[PDB]
Amino acid sequence: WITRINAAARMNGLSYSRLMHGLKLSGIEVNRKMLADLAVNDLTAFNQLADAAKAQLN
Amino acid sequence: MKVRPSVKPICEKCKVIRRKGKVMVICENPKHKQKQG
Amino acid sequence: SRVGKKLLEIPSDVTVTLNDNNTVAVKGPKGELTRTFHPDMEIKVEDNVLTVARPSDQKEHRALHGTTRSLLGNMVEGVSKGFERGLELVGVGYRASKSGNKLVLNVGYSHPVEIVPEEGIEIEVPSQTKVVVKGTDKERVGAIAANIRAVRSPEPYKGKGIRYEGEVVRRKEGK
Amino acid sequence: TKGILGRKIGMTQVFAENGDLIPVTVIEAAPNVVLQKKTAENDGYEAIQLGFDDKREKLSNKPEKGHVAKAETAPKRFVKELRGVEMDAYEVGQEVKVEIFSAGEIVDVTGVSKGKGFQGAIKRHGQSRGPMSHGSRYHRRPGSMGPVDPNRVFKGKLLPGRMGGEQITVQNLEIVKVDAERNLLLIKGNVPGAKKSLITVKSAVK
Amino acid sequence: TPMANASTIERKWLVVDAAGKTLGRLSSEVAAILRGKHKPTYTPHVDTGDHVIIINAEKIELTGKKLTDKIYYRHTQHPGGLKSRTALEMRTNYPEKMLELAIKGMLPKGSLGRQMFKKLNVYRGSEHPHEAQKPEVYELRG
RNA sequence: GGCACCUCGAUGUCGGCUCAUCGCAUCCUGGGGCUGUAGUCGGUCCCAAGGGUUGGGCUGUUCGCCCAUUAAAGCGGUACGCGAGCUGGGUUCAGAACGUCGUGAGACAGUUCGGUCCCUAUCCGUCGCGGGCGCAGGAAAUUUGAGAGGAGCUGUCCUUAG
RNA sequence: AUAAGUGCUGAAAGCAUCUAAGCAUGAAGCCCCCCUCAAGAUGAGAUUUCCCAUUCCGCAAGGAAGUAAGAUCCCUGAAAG
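Protein chains in written order, with the authors' numbering: chain n, 61 to 118; chain 4, 1 to 37; chain d, 2 to 176; chain a, 2 to 207; chain e, 4 to 145.
Where hints are given, some of them may not hold.
[Claimed, not checked] Think about it this way: if two alpha-carbon atoms lie no more than 30 Å apart in a straight line, the pair counts; the simulated BS3-like pairs of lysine-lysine are:
1) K82 (chain d) / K13 (chain 4)
2) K38 (chain a) / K158 (chain a)
3) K159 (chain d) / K173 (chain d)
4) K31 (chain d) / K15 (chain 4)
5) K135 (chain d) / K15 (chain 4)
6) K31 (chain 4) / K13 (chain 4)
7) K40 (chain e) / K114 (chain n)
8) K33 (chain 4) / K22 (chain 4)
9) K135 (chain d) / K82 (chain d)
10) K158 (chain a) / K81 (chain a)
11) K60 (chain d) / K68 (chain e)
12) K62 (chain e) / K15 (chain e)
13) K66 (chain a) / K117 (chain a)
14) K161 (chain d) / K176 (chain d)
15) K156 (chain a) / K86 (chain e)
16) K68 (chain e) / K33 (chain 4)
17) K107 (chain e) / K73 (chain e)
18) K2 (chain 4) / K173 (chain d)
19) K112 (chain e) / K156 (chain a)
20) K68 (chain e) / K15 (chain 4)
21) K22 (chain 4) / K68 (chain e)
22) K156 (chain a) / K100 (chain e)
23) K71 (chain a) / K124 (chain a)
24) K73 (chain e) / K15 (chain e)
25) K20 (chain 4) / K86 (chain e)
26) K13 (chain 4) / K135 (chain d)
27) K31 (chain d) / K159 (chain d)
28) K98 (chain a) / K124 (chain a)
Hints listed in this document are in silico derivations from the structure and should not be mistaken for laboratory results.
The task is simple: from the sequences and hints, build the whole structure.
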């Protein structure tokens, strides 16, 4: 799951560790690894989370 | 040539020099030139 | 006490030129020469003037600044006047002679030894017991001179073979 | 370079017109033919493929028949190729004969060596054998395998096996005599391979 | 449950120039791409990798004094004689072997490891044998 | 040699023969520095492991001394390399004997004569030779060369030149 | 192409300097040249030439059954074993 999330993040200008950090600060993302991979294979949702994480990271 | 791990200037005319990572002494007296190791 | 700082001259129509990337080419009366340098040193062509500047100040930069200045000066002088090195062999029957552009030496070796200058270097036999090499560039001239010396460097007992001009040679008693 | 393809007929001796006596090997080489001119631009290298001896139509298969059709000659039993020769010197299908060589030339000869069958270590690699007396039960065996620490036997220890049948080269042989009318070559010394075998003759590389 | 993809691989064809990128980082990253780790739908036993083509391998560069120091050893299992060659060599005559050995070390060892290595192609010059794969140039990241 | 950690429900010990193979701290050969190196010859040190590095007398002996040579007669590791490859001359059994010790049976890193060395190769490994299949048709030949293996050692004499 | 060695040029460090930038030379050593093996090199390579792309079935996934070139079985042997 970590590998898949890392690949998905790297393909959107964001490292895995920064993605997880950004999610945590953007809110308690009780959403987690396995269902995050399901979002990855529904990638548009994964991007819709990654953009929020990036925006809140700064 | 003397290959001694201790390299000294034997006579004032000798001069120590640093070459290819290893020090030598050049002296017009050929009896004194030496390299460490 | 800073060779890399001082300035060079253009005495008489010594065409100093700067190429695309810190590379130079001079066509003096004696001939033509070229040389390339790494880009750190900034050499600027100016009328009777050429600059020698190093960006920073530290070990390698200082060394190479000094070298490039000295090389530029040496090369411009060489292509202006041309330079020679003298070799004055010594021997009971040792012989120096010409064979056209080629050079042949007779020494205690049972057979003669030949040499083939090719880089615009020219040697002369001004006398049977003296040979002088002439050429534009110091590096090549000295290389040829050392090559001739290697044919027979002198011995410390009687002294023999090749001798650079005024080359003092160690003396050892022969009993 | 130059060379021809021939068959070893036998061995004899000949006097050299000096009082001395020369041992000589007798090789017959009916005029070879060049079948294919291998060239760099397509085959990656320059060479000529040539054939020496003839075959009956009963034994000549259709493939090699069509192959030789370009040279327009009888199907050739034995074929081999030489490198280092000048491509332009040889037309395809021209004959070589034997006058390309001449008496006095230095020559290197190669060919398959005589077979000898499954032979022991002594006969194969010529290493001494144990004492024949003093109770030695080690008459003709091939030596210890090796040390103990490696816990195996290294590659390349010499053991019994087959012999002969590998092409060998002899360097700097001399062509004593040539008889074009018979298509005959006479090489000083002796050459590998049994009688009536195939021998190939090449100008010495040295 | 996560989808273990199989028989749903679409292998892209990628090109990279190694003229100005050090072989260390180049290999370390191209190994990941060749393994397919970059793909979102990675699986560990299916070889989701992507074919890659190397270009101008002869113009690869080495840091430090490695050009004379790095020894490319090899031991044929015949008795105790080694064969060795330095790093700068093979720029001369066969630089694809440098990259092949480097990537070989990079990838995981195993049958599937050899299968992943099968998709690599290294050449001298700047011309592919093949253009029918619509390969697209892909510069590196690190 | 110190320790006793594996092996006493058994890991065969010296020397030789056969076969090697590795390290270089080099015996010769190759290339150099210095020399109290005139030259032929040397001494010391540096690079160098490609190859080579002998036959006999004595002794079980390796080791040694000796004879005659060679360019040299290298030093070590591999279970003080190698017994399911060999030898058994010695140590290490039972017989017997000399000296010595012991009241004595008997005992001596004191000596002497004699004294059974088992094995059909299963699996790795090594040297050869076959069959099967693959090489996106099936055949007959010729080949490229990745990559392996072998050789790769040297004297004497004439000349240069007394 | 190098090892040791000898170097030319030349600063660092107005000199000197085989060095840091450049350029050379230099061993029975290394890589070739010499000889042998070598496409199981699963990366199975190349070239020359021959056969041609039929008959049956679900029509087609793909099967089977006679053949082309060419081999084999079997037999006479050795230069091979």
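Outcome of the hint check:
Between the alpha carbons of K82 (chain d) and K13 (chain 4) the distance comes to roughly 36 Å, so the proposed pair goes past 30 Å and is violated. Pair hint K38 (chain a) plus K158 (chain a) does not hold up; C-alpha atoms about 43 Å apart against a cutoff of 30 Å. Simply put, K159 (chain d) and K173 (chain d) have alpha-carbon atoms about 8 Å apart, close enough for the 30 Å limit, and the pair holds. This hinted pair does not check out: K31 (chain d) and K15 (chain 4) have alpha carbons roughly 39 Å apart, beyond 30 Å.
For the hint linking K135 (chain d) to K15 (chain 4), the alpha-carbon distance of about 33 Å lies beyond 30 Å, and the restraint is violated. Taking the CA atoms of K31 (chain 4) and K13 (chain 4), the gap is near 12 Å; set against the 30 Å cutoff, the hint holds. Note on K40 (chain e) and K114 (chain n): the hinted pairing holds, with a Cα-Cα distance of about 23 Å set against a maximum of 30 Å. Between the alpha carbons of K33 (chain 4) and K22 (chain 4) the distance comes to roughly 13 Å, so the proposed pair stays at or under 30 Å and holds.
A distance of roughly 11 Å separates the Cα atoms of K135 (chain d) and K82 (chain d); the hinted pair therefore holds under the 30 Å criterion. This hinted pair does not check out: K158 (chain a) and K81 (chain a) have alpha carbons roughly 34 Å apart, beyond 30 Å. For the hint pairing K60 (chain d) with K68 (chain e), the CA-to-CA distance comes to about 19 Å; that is within 30 Å, so the pair holds. Under the criterion of a C-alpha separation no larger than 30 Å, the hint pairing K62 (chain e) with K15 (chain e) is consistent with the structure, at around 25 Å.
This hinted pair does not check out: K66 (chain a) and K117 (chain a) have alpha carbons roughly 35 Å apart, beyond 30 Å. A distance of roughly 17 Å separates the Cα atoms of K161 (chain d) and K176 (chain d); the hinted pair therefore holds under the 30 Å criterion. Between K156 (chain a) and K86 (chain e), the direct Cα distance comes to roughly 16 Å. Compliance with the 30 Å bound is thereby established for this hinted pair. About 29 Å separates the Cα atoms of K68 (chain e) and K33 (chain 4), which keeps this hinted pair within 30 Å; it holds.
About 17 Å separates the Cα atoms of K107 (chain e) and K73 (chain e), which keeps this hinted pair within 30 Å; it holds. Simply put, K2 (chain 4) and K173 (chain d) have alpha-carbon atoms about 20 Å apart, close enough for the 30 Å limit, and the pair holds. For the given pair, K112 (chain e) sits about 27 Å from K156 (chain a) by alpha-carbon distance, which is consistent with the 30 Å threshold. Among the hinted pairs, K68 (chain e) with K15 (chain 4) is consistent with the structure: their alpha-carbon atoms are about 29 Å apart, no more than 30 Å.
A hinted pair counts as satisfied when its Cα atoms are at most 30 Å apart, and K22 (chain 4) with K68 (chain e) qualifies at roughly 17 Å. The suggested pairing of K156 (chain a) with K100 (chain e) holds, with an alpha-carbon distance near 27 Å, which does not exceed 30 Å. Under the criterion of a C-alpha separation no larger than 30 Å, the hint pairing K71 (chain a) with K124 (chain a) is inconsistent with the structure, at around 48 Å. Restraint check for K73 (chain e) and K15 (chain e): the C-alpha separation of about 34 Å exceeds 30 Å, so the hint is violated.
Distance check on the hinted pair: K20 (chain 4) and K86 (chain e) sit about 28 Å apart at the alpha-carbon level, within 30 Å; holds. Note on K13 (chain 4) and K135 (chain d): the hinted pairing is violated, with a Cα-Cα distance of about 34 Å set against a maximum of 30 Å. The straight-line distance between the Cα atoms of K31 (chain d) and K159 (chain d) is roughly 40 Å, outside the 30 Å bound, and the hint therefore fails. Taking the CA atoms of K98 (chain a) and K124 (chain a), the gap is about 40 Å. The hint is violated against a cut of 30 Å.
In this structure, the earlier hints numbered 1, 2, 4, 5, 10, 13, 23, 24, 26, 27 and 28 are contradicted, and the remaining ones agree with it.
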